[PDB]
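Here's the letter readout for the chains.
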Amino acid sequence: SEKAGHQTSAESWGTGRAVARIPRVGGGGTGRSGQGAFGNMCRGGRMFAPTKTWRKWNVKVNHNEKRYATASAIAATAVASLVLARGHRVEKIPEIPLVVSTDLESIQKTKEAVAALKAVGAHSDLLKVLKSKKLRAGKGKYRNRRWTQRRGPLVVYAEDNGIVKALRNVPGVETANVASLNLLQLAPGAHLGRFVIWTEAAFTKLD
Amino acid sequence: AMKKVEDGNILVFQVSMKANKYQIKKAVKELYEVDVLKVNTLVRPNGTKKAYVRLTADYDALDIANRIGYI
Amino acid sequence: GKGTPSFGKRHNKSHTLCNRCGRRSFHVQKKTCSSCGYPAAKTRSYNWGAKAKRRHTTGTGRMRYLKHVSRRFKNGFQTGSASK
Amino acid sequence: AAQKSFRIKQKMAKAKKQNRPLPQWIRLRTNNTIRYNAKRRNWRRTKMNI
Amino acid sequence: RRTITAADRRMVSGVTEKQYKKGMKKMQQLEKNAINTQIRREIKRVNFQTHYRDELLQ
Amino acid sequence: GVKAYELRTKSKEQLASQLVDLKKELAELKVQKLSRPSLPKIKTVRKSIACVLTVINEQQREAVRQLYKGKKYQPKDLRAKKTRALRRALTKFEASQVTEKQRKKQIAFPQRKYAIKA
Amino acid sequence: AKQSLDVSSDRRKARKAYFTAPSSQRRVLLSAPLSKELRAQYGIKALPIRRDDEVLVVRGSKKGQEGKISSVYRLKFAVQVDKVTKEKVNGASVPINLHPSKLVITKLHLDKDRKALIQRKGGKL
Amino acid sequence: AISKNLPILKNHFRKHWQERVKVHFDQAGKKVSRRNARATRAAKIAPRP
RNA sequence: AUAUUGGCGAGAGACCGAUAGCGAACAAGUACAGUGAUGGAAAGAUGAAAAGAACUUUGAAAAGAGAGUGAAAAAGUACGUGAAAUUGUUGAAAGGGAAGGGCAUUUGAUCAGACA
RNA sequence: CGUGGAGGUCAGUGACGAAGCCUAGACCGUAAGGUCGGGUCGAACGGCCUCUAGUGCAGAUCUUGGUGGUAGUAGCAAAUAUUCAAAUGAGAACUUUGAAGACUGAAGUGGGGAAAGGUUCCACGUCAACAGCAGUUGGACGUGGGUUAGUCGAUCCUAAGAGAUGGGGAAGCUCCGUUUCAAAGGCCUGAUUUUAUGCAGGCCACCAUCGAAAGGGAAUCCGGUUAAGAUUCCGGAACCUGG
RNA sequence: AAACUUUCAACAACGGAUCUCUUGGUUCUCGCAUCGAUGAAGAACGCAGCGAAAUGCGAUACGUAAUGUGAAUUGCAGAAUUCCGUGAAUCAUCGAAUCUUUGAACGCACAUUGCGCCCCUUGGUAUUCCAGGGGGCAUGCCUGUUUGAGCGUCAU
Ligand SMILES: [Zn+2]
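For the record, the sequence lines run as chains F, D, E, B, G, A, L and U.
Using the UniProt record's numbering, the first residue of the first sequence is number 53, and each one after it goes up by one.
Using the UniProt record's numbering, the first residue of the second sequence is number 72, and each one after it goes up by one.
Using the UniProt record's numbering, the first residue of the third sequence is number 2, and each one after it goes up by one.
Using the UniProt record's numbering, the first residue of the fourth sequence is number 2, and each one after it goes up by one.
Using the UniProt record's numbering, the first residue of the fifth sequence is number 375, and each one after it goes up by one.
Using the UniProt record's numbering, the first residue of the sixth sequence is number 3, and each one after it goes up by one.
Using the UniProt record's numbering, the first residue of the seventh sequence is number 2, and each one after it goes up by one.
Using the UniProt record's numbering, the first residue of the eighth sequence is number 2, and each one after it goes up by one.
Read the hints as simulated data drawn from the structure, not as lab findings.
Misleading hints may appear alongside valid ones.
Straight-line distance between alpha carbons at most 25 Å, and here's what the computed SDA-like set of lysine to any residue pairs gives [said to hold, decoys possible]:
| # | chain 1 | residue 1 | chain 2 | residue 2 |
| --- | --- | --- | --- | --- |
| 1 | E | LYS14 | B | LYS15 |
| 2 | F | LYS104 | F | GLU117 |
| 3 | D | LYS92 | A | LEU28 |
| 4 | A | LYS84 | E | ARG63 |
| 5 | D | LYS97 | A | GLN20 |
| 6 | L | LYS77 | B | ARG36 |
| 7 | G | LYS418 | G | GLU429 |
| 8 | D | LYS96 | A | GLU27 |
| 9 | B | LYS18 | E | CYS19 |
| 10 | L | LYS113 | L | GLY123 |
| 11 | A | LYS32 | D | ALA90 |
| 12 | E | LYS43 | A | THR85 |
| 13 | L | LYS77 | B | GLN25 |
| 14 | E | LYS85 | L | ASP112 |
| 15 | G | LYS418 | F | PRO240 |
| 16 | F | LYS180 | F | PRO240 |
| 17 | D | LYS75 | A | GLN34 |
| 18 | L | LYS37 | L | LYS116 |
| 19 | B | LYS17 | E | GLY62 |
| 20 | G | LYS400 | L | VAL90 |
| 21 | A | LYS49 | D | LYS75 |
| 22 | D | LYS100 | A | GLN20 |
| 23 | L | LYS89 | L | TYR74 |
| 24 | D | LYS96 | A | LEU36 |
| 25 | B | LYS48 | E | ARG21 |
| 26 | A | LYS119 | U | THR41 |
Take the sequences, apply the hints, and build the full model.
As structure tokens, then:
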């Protein structure tokens with residue numbers, strides 16, 4: 053606050069006492085009157101150069117740099133030695149691109165979509181993402197950041213009929229369209245490679 | 072208060088703050104059908120008004136104290 | 002002296018209780034309260050006493066009526082009985 | 002003084018009512034942390050200003 | 375001529391005069407602990423008479 | 003312990019005769035309280051007194067309010083207490099007054115609805 | 002995950018609305034599941050509690066001890082069950098508080114406006 | 002203090018500029034506010050452009 | 001279209017976690033000082049449930065020692081964990097007007113590699 | 001090297017005990033500091049790749065809080081002064097009763113008040129704190145009791161003064177002024193009950209209001225009485241005002 | 001040689017650091033517009049079966065009535081079927097009521113719980129005196145009704 057420690061009228065006693073020069077809360081009576089205020093070092097004063105609200109919260113990136121980074125991450129997805137080294141269990145997956153048919157876009161029930169992911173090989177990845185539910189460390193866990201999972205595979209449609217309605221609920225699995233391919237979704241935490249499951253209507257749209 | 076009762080015929084009431092020695096004398100005349108010749112009020116320091124009403128000789132205070140039921 | 006032998010003479014009061022604000026602030030030799038000027042109309046409001054505005058501002062006390070207008074707007078200021 | 006007004010005797014009734022300990026069954030309540038009575042005063046130490 | 379004492383109301387509603395002594399002792403101990411810790415602080419910052427004299431010139 | 007759902011139906015003199023019984027019974031229950039620790043029964047006498055006194059008051063209120071039905075200035079209490087602003091503002095008619103130029107123009111060339119399609 | 006901006010997924014805003022709930026909203030917070038007999042008999046998974054039910058304890062050190070709901074205490078968020086008794090050292094007994102999620106109702110105390118509470122939830126008579 | 006071979010630059014910050022800044026955190030709040038006022042004005046006037 | 005550090009209702013945070021954050025997480029603009037304008041604190045954590053110690057004994061009693069509750073009295077309202085300055089006990093050692101420190105080693109204590 | 005948070009990863013560690021805390025116990029790093037074993041302890045917490053910052057203390061006559069040495073030391077010395085026996089008591093230089101001894105010495109260490117305090121007044125019970133020693137005692141602690149007015153005061157007057165109105169200043173909060181330059185008010189009779197008045201019918205030309213618990217001022221004394229109340233209650237004997 | 005001082009470890013103290021916790025605070029965003037002479041904000045006093053505060057409330061006083069939920073509140077004390085119901089509850093909802101003495105403060109005042117006025121009834125023999133009750137009595141200004149003032153001025 054702008055008066056975070058300035059709601060106290062203090063003024064110093066100069067020099068000629070045996071005490072410090074800091075502004076002291078004059079008056080009398082209660083246990084307060086005689087403390088210091090207005091300083092970064094007094095108990096109950098302002099902080100040093102207090103944190104203001106006009107910082108650089110959002111920062112610009114050149115648009116071609118952003119389309120460069122997204123096109124880099126999409127190319128880093130399709131190497132086996134990157135998504136396996138990122139931390140995803142892509143061991144027993146037959147094809148690194150992992151194109152599925154376009155019938156994934158018409159699935160609607162999560163029971164009928166999780167089996168469709170276990171069939172094409174995410175059975176040792178959804179187990180990885182739901183055997184890894186751990187508690188957040190430290191003071192973050194009472195600021196609505198209480199749990200922490202890993203990331204899972206990302207299925208990318210081209211026109212949805214409830215594929216996002218299917219896989220909103222399962223942990224780790226994310227959805228996206230080919231327009232709005234997110235760098236935050238594609239290289240999460242600045243590490244390249246992400247176990248991306250394309251549907252073929254997306255994989256021929258990506259051309 | 073119960074030493075003042077049998078000495079004279081002197082009832083001791085706690086009355087309202089807004090009484091003015093006439094509504095006392097008119098309601099204690101009413102609720103008991105007794106006759107009252109002197110009322111002395113004071114403000115006991117709990118914010119209460121205590122009235123030392125003296126019933127007229129023609130009436131005992133102990134008869135009224137046993138008719139009310141506080142003996 | 003000017004200290005302890007001149008602190009004994011302090012007996013006659015110069016402030017008495019005010020009838021609008023209720024603190025011992027009603028001056029008697031000129032009849033004017035200092036926490037809100039009583040024979041004047043408006044209360045003594047001030048901008049340099051920014052902490053003093055919090056000691057007597059709205060929302061402080063009971064608000065026997067002003068804590069019902071917020072609820073009474075939300076039902077359209079409606080009248081008539083509740084129901085059956 | 003002994004020749005007081007009524008504005009003072011209206012207040013000393015509340016000053017005589019607000020001079021007692023906390024009732025003892027308050028501490029036996031469930032979510033009750035009120036150990037002693039803090040606003041309690043007596044005439045030796047803290048003069049009420051009236 | 376009383377059937378009412380001090381103790382007659384309070385023996386029914388909660389407290390008992392043996393447990394009242396085990397409550398009255400706890401308040402006077404906690405009044406000590408709240409009056410100790412105020413004198414643990416005010417003795418430091420009380421000699422600051424802001425208009426002193428220092429009565430020795432010549 | 004009197005109940006309003008059967009207390010509404012009685013007369014006025016019966017309600018006065020009920021209040022001047024409850025006001026005696028409260029006095030006797032406060033006489034008995036001096037020589038007894040606890041008396042929880044007195045609350046159901048005070049709430050019965052209030053339950054009679056609400057019914058009497060809102061009987062007489064309706065007796066006045068129905069007498070003033072449609073008369074031009076009914077009293078300050080029985081008007082609908084809206085805010086201070088809402089009464090000193092205009093009604094729905096005196097806002098909807100328009101002059102005979104604006105009214106004739108607003109019936110001569112008012113708003114039409116349409117689309118954009120060949 | 003939620004999909005509204007009416008409801009709040011905040012920890013302070015949830016725990017405050019729990020701990021300062023009114024005594025007519027604590028009724029639906031204190032609920033209990035029914036038995037395998039009662040679920041297939043009515044068709045309700047869980048009802049709000051009501052005093053003088055007949056209940057069974059399924060979690061805690063008093064598991065298996067059936068009893069009768071003596072007084073639901075929705076200020077300490079619990080319910081004292083008869084025949085769930087801690088012997089105090091003074092020779093007296095106290096009933097031990099249970100939380101109603103850890104109970105299971107076996108013989109129910111029916112009533113009107115419970116024979117409506119079942120049928121609005123889709124049960125039998 | 003005119004220190005080095007740097008451009009002589011004027012900054013209009015003598016005043017109490019701290020009390021009057023408006024950092025627009027609204028920039029994505031009053032866009033979805035505007036794209037609803039272009040829907041209430043699409044439903045209230047029903048077939049008109 | 002615009003403004004809004006006030007009131008009302010909401011939703012969130014790469015913010016702070018009780019000497020921080022509003023002065024106030026608590027019966028806070030309260031307790032308290034001043035004639036007065038105004039100034040203005042400290043203070044959250046037993047346990048899952050009080051199951052807060054029945055009973056015996058010493059003592060005038062405060063309490064102690066058993067016994068008991070407890071998963072835990074190394075959780076007994078002075079109640080989570082219990083740091084340091086500071087202090088008692090016992091143990092080790094040393095000491096002719098300071099104590100502490102550096103390099104080397106005797107003696108005394110303790111630790112050790114396995115080369116099983 | 002380390003600290004508070006944030007994005008990944010270790011499908012990390014953990015009630016079979018996570019952080020923290022202690023250890024002239026061990027190891028690694030020249031160090032910044034890391035790692036292990038033991039005791040206590042009871043619910044969370046690290047490594048690596050990155051991001052971010054209210055991020056590293058011996059000091060600032062530093063701020064808040066705590067505790068030392070000095071130290072069982074300085075001292076607890078004005079106001080003439082205490083002593084014996086008994087009583088309750090666990091206990092008595094200190095409480096009470098008696099017996100002595102004194103002092104204040106009528107401008108009192110007496111009996112009542114005014115300011116101010118506010119329940120301290122008085123009884124019952126009690127000693128953790130306070131009474132700079134003590135304590136069964138107390139102006140402290142807990143709970144209850146107590147203030148009675150036609151006359152004694154305020155209320156009613158006016159002083160020094162304060163302050164609206166008519167007005168006039170002032171952007172204005174408000175300022176001047178107190179009878180001024182206001183059209184400022186109230187009541188007997190023919191009317192006498194239509195009390196409305198037609199005139200009768202006029203009489204200064206006045207004027208808000210506050211301002212003394214010591215000025216002015218209508219009238220009460222005695223004798224009882226209570227744990228505590230008086231010119232107040234009780235008994236008797238008097239008055240003054242309005243009707 | 002003990003005592004003593006100093007160093008260390010265990011155990012105990014003083015002390016409240018650290019760790020972990022959080023119904024609070026801060027900042028950002030979104031929506032809505034509602035104080036008051038029908039007496040507001042603010043204040044004094046008072047109200048519970050046993051409360052000194054916080055909260056609530058007005059002589060109808062931790063509250064009344066209506067509506068909804070449908071079996072409690074709880075520290076103790078009490079009513080208990082009012083429990084297949086005109087119905088528990090420190091509940092929620094809130095549209096009808098009271099709303100003490102005040103406060104812009106409104107009959108005149110105020111360091112006073114002071115002092116009159118007018119009407120309607122009640123008692124005291126009672127137009128006048130007293131008392132109880134009920135409702136009235138402020139200024140500035142607007143529109144209108146009524147009553148007047150002015151060789152200002154017109155007609156007769
Ligand atoms: Zn004031």
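Check the hint pairing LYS77(L) with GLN25(B) against an upper bound of 25 Å on the C-alpha distance. Within the cut-off at roughly 21 Å; holds.
Does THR85(A) sit within 25 Å of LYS43(E), going by the straight-line distance between their CA atoms? The given pair, whose Cα atoms are some 22 Å apart, holds under the 25 Å limit.
Restraint status (C-alpha distance of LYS77(L) to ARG36(B) at most 25 Å): holds (21 Å)
Are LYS49(A) and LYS75(D) close enough, with their CA atoms no more than 25 Å apart? Cα-Cα ~35 Å, so violated.
25 Å Cα cutoff - pair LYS113(L), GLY123(L): Holds: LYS113(L) and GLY123(L) sit about 15 Å apart, inside 25 Å.
Within a Cα-Cα threshold of 25 Å, do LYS96(D) and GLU27(A) meet the stated pairing? holds (22 Å)
Would you check the hint for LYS97(D) and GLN20(A), treating anything up to 25 Å between C-alpha atoms as holding? holds (22 Å)
Between the alpha carbons of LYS75(D) and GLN34(A), is the straight-line distance 25 Å or under? Roughly 20 Å between the alpha carbons, so the hint for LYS75(D) and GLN34(A) holds.
Next pair to validate is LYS17(B) with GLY62(E); report whether the Cα-Cα distance is within 25 Å. Since the Cα atoms of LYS17(B) and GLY62(E) sit roughly 24 Å apart, the hinted pair holds (cutoff 25 Å).
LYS96(D) and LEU36(A): Cα distance at most 25 Å? Given pair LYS96(D), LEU36(A) holds - Cα atoms ~24 Å apart, limit 25 Å.
Pair hint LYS32(A) and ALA90(D), alpha-carbon separation not exceeding 25 Å: holds (19 Å)
Is it true that the CA of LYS92(D) sits at most 25 Å from the CA of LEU28(A)? holds (23 Å)
The structure is inconsistent with the numbered hints 2, 15, 21, although it conforms to all the rest.
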